[PDB]
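Coming up is one lone chain in structure tokens, specifically the form deposited without the ligand.
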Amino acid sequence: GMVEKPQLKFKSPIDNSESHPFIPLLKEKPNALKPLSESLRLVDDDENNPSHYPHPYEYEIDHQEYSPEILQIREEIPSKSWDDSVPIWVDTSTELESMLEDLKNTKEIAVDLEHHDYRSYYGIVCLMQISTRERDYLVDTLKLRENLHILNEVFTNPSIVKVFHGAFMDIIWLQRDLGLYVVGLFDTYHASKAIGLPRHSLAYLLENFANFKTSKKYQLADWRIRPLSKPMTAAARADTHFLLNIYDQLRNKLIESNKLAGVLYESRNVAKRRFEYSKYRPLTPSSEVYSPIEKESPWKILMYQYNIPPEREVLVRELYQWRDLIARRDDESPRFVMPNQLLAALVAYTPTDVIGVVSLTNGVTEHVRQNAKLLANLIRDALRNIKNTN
């Protein structure tokens, strides 16, 4: 079909202006050790790190003690039979409340998410998967975008282990879109590395410990689509359905070889990762902070040198900045507005009228088609400025 942009239905409108450092969406702060008061303040310009808000749960992540049953080798619990249950679809505040009540009665849960970034500037969390020893949950993070914050009661309860595989970006996505934080994380990716398994991916773990073969024929899928297709519903359920059992085996092996403390340390730091706008990103790019990383051509004159002439970097740069502004304005990804190959195509052929712009041998996007005149003017200016100057 066409898929209507889910953003249009968000309770709170999106803001890509980036006129202030990221502000935590957190209004309440359960399992608090340090009041939310001190949390929402600021950290005035340093030199390495410009002004910004700190991670609202950083303190707890450092002080909150782990569940004593995590340091103990325990009899593992096999994953429940896939066919013995259906994944529980959650898309109403009432369904959300019941799941929540259920999660509060666990010792650990497995969590994962599905994300979308083609038709959104920063990106949007489209689905959340949660598994208990007994059931698999599929949460519509689109329809419940503003309600999900209540999961912090469990996501920040240090008495409940939250298991994720390589959650470095998921931690970022969770705060940015849902204002969710995690205290009591166990990252199976770091567990796999510490133990020294040949491969460290989720698929590798699923294949060898749960005899489940994965199909990456969905990491390019569109998670905004409602209802979810059977195959996508299954592939999402598979992210958390087998994870707690894998958690048991890796944990026991870590205790058995005295490496658990290191994995918990690595995990606390994954959970401490803070999301910030590229504009207010710290100088030295560290793993402690994340800011939007262009998924396309090198800022300005690209290295994909489509034989990019000398005096055309000004043109290149204007196209880049124009693209970014339109992307931000319409809340779209830069590639949806204009992919590097098209941008490159414009710079290479330098069309100066609408006909030239829309008939580019390569092809054209809706945005380029709708701004053909502006682009033809922009390009014409670039050429005129060249013929002059020198």
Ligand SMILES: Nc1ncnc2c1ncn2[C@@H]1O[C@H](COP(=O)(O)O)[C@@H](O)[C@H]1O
Contents of the next structure:
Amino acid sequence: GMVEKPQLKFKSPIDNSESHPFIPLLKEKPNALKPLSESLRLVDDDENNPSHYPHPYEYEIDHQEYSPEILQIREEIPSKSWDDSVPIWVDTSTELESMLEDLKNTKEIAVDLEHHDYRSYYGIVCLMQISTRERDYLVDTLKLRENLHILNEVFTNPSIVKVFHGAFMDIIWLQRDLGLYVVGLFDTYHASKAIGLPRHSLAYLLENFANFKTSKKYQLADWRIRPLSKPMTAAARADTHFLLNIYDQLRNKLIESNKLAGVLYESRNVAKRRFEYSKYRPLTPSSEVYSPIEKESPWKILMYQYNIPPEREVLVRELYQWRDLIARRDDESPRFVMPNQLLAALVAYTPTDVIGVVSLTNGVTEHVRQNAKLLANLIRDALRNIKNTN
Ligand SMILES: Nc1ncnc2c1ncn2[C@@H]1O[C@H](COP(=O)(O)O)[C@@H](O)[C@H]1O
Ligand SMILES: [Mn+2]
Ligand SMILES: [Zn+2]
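Form deposited with the ligand bound, following the form deposited without the ligand:
Following is the full complex, with the preceding chain placed first.
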């Protein structure tokens, strides 16, 4: 019901302090063209972007040649009958070792991930789905967070195609939490765009090429929950179960129209994307680097102007910074700690005692309840500074 925070069980404790640029969790580097040595270094300051570590597989992604059977129009392979097998649950190092052995014997695999960001500061990968032509695997990325790095042997093997649909964030999530990278990517989203299909979503593809109606009733679900519910297990399996066949049809159509190279180019760039803490994000925002984005109100005085008075912007900002520090401290998301509507509510009514803060017509969060005095003090200070100054 309450769902105990899975972070508590991680072997390596999370760090939201952000005292340095992101450091790749990679310790071993298979399918390497350039030693891991030249990898873990640093790219000292510059106007464009401040000191940071580079993408450990950037070289191979540019140099590693593609498997020849990707440039060939081949007979497509139908997805396996859904009922002919059960998804294989993987949450043990041994189960993980056998799946790995199995993945090494493929020409291509379909991959997907499920993520959670409400009860975590940066967020956490809760599930990984991997399909072969024969079976569907469901990987518990919470319980095997520290072990999953061994999949790099396949995820970076250019001889095996890894099919994802719109992997722009997956690539980010894979390195940030599991130190996994991808070399040999084929993005079906970029494939759909190149061909010019009317719609480019996974759901559109599943409905038209696999006759599977999808449900947006899980892109808001809590993937941290163990065990997975039947309907959630089915929805996760569906993201990769039909993908290899969709891959065949799109690949062939691309070759047939001479647009494959462009898709592979687009895919290599999705794979080269690097993760960095907002504190060290490059000045000019680009699609080559990902830094945490605020899923809420515009930094400081929001545009959702709940009729936010003039003199009350210092207050607004202190609330924002306070919220962020607490979120980072307890490793929670800002909205869990205090949603903008509530932050706005405090600014609008400016309660100055505990009673005023907890009885806010809007209702209150646990963090605001536990810090009611601090907030009432913070607010009282803000007012006094107003009546004063001018
Ligand atoms: N519509 C959405 N709103 C919010 N988060 C989403 C949405 N779609 C996907 N996500 C997040 O992205 C993860 C992967 O979704 P997908 O790319 O559709 O497999 C989910 O488990 C969510 O954490
Ligand atoms: Mn996905
Ligand atoms: Zn999914």
